[PDB]
Amino acid sequence: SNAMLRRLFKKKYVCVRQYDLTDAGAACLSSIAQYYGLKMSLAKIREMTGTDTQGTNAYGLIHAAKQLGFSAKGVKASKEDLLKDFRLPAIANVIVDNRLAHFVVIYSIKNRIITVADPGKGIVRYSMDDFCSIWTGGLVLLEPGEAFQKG
Amino acid sequence: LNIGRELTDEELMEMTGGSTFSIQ
Numbered sequence: 001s002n003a004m005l006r007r008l009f010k011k012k013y014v015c016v017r018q019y020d021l022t023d024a025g026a027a028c029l030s031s032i033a034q035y036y037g038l039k040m041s042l043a044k045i046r047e048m049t050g051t052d053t054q055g056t057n058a059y060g061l062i063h064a065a066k067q068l069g070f071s072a073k074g075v076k077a078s079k080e081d082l083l084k085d086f087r088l089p090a091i092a093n094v095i096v097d098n099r100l101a102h103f104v105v106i107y108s109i110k111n112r113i114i115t116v117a118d119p120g121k122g123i124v125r126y127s128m129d130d131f132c133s134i135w136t137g138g139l140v141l142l143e144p145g146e147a148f149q150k151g
Numbered sequence: 007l008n009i010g011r012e013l014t015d016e017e018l019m020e021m022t023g024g025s026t027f028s029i030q
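These protein sequences, in sequence, are chains A and B. Residues in the first sequence are numbered consecutively from 1, following the deposited numbering. Residues in the second sequence are numbered consecutively from 7, following the deposited numbering.
Rather than coming from a laboratory, the hints here were simulated on the basis of the structure. Be a bit skeptical, because a hint or two may be false.
[Said to hold, decoys possible] Cβ pair distances, simulated, as ranges:
id : chain 1 : residue 1 : chain 2 : residue 2 : range
1  : B       : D15       : A       : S1        : 25 to 31 Å
2  : A       : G151      : B       : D15       : 18 to 24 Å
3  : B       : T26       : A       : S1        : 54 to 60 Å
4  : A       : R87       : B       : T26       : 29 to 35 Å
5  : B       : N8        : A       : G69       : 16 to 22 Å
6  : A       : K121      : B       : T26       : 28 to 34 Å
7  : A       : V14       : B       : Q30       : 16 to 22 Å
8  : B       : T14       : A       : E80       : 19 to 25 Å
9  : B       : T26       : A       : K76       : 21 to 27 Å
10 : A       : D85       : B       : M19       : 52 to 58 Å
11 : B       : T14       : A       : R112      : 42 to 48 Å
12 : A       : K110      : B       : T26       : 40 to 46 Å
By construction, the Cβ of each residue, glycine as well, lies at the ideal position given by its N, Cα and C atoms.
Chain B with its partners taken away, still in its complex shape:
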């Protein structure tokens, strides 16, 4: 399917499915 174009690698690096945010 074509919904649009893929973004920069940094976006994919930001996206995570087994990570933890608010590290504090």
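Chain A extracted, bound-state conformation:
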């Protein structure tokens, strides 16, 4: 017994307190951070990312994350890539009916179903058909750390 001290060997629910729907961008960043134990609240993330209440852009999000030492990259991946090496909590850009733009946190994509954590919703799982309809493109992939595998 005690072969390996698995850090966070259990899945938990990150209870992020929502304020406004524009906070969604900061709430996403918060969700991933707190998921790995990093105490970064969407409130503090809002002032960190320079959250614009008319257009919270991914440009500010990624830079502020990296200011925390939390490495992030803004990449473009297609639906086919979702079935490749997608195993990240990630801030993806979705636009509903070309009207309302929000960020959703991707957890994993399996059986053509994309498991997302929408800051405005609970835990919703969209099929490729549903997801690609609103998801134009744009994923801010987040690194849980640099050499965080070590201890």
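On the provided structure of chain A, position chain B as indicated by the hints.
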């Protein structure tokens, strides 16, 4: 994770999570 390289800033400026499109 390394999926690829990051794109131009304009792509990130285009990406938004609290914005509204089709302004009309």
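Here is how each hint holds up against the structure:
At about 51 Å, the beta-carbon gap between B/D15 and A/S1 misses the expected band of 25 to 31 Å. At about 36 Å, the CB distance of A/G151 to B/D15 disagrees with the hint of 18 to 24 Å. Taking the beta carbon of each, B/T26 and A/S1 are about 55 Å apart, inside 54 to 60 Å as hinted. Judged by the Cβ atoms, the range 29 to 35 Å given for A/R87 and B/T26 holds: they are separated by roughly 32 Å.
For the pair B/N8 and A/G69, the supplied restraint of 16 to 22 Å holds, since their beta-carbon distance comes to about 18 Å. Roughly 18 Å separates the CB atoms of A/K121 and B/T26, a value that falls outside the hinted 28 to 34 Å. Checked against the hint of 16 to 22 Å, the C-beta distance between A/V14 and B/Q30 comes to roughly 37 Å, which is inconsistent with it. For the hinted restraint 19 to 25 Å between B/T14 and A/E80, the CB-CB distance of approximately 22 Å keeps it satisfied.
For B/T26 paired with A/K76, a C-beta distance near 22 Å keeps the hint of 21 to 27 Å intact. As the Cβ distance of A/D85 to B/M19 is approximately 26 Å, the hint placing it in 52 to 58 Å is violated. Distance hint check for B/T14 and A/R112: the Cβ-Cβ separation is about 30 Å, which falls outside the suggested range of 42 to 48 Å. Distance hint check: the CB atoms of A/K110 and B/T26 are about 32 Å apart, inconsistent with the given range 40 to 46 Å.
In summary, the structure is inconsistent with hints 1, 2, 6, 7, 10, 11 and 12 from the numbered list given earlier, while agreeing with the others.
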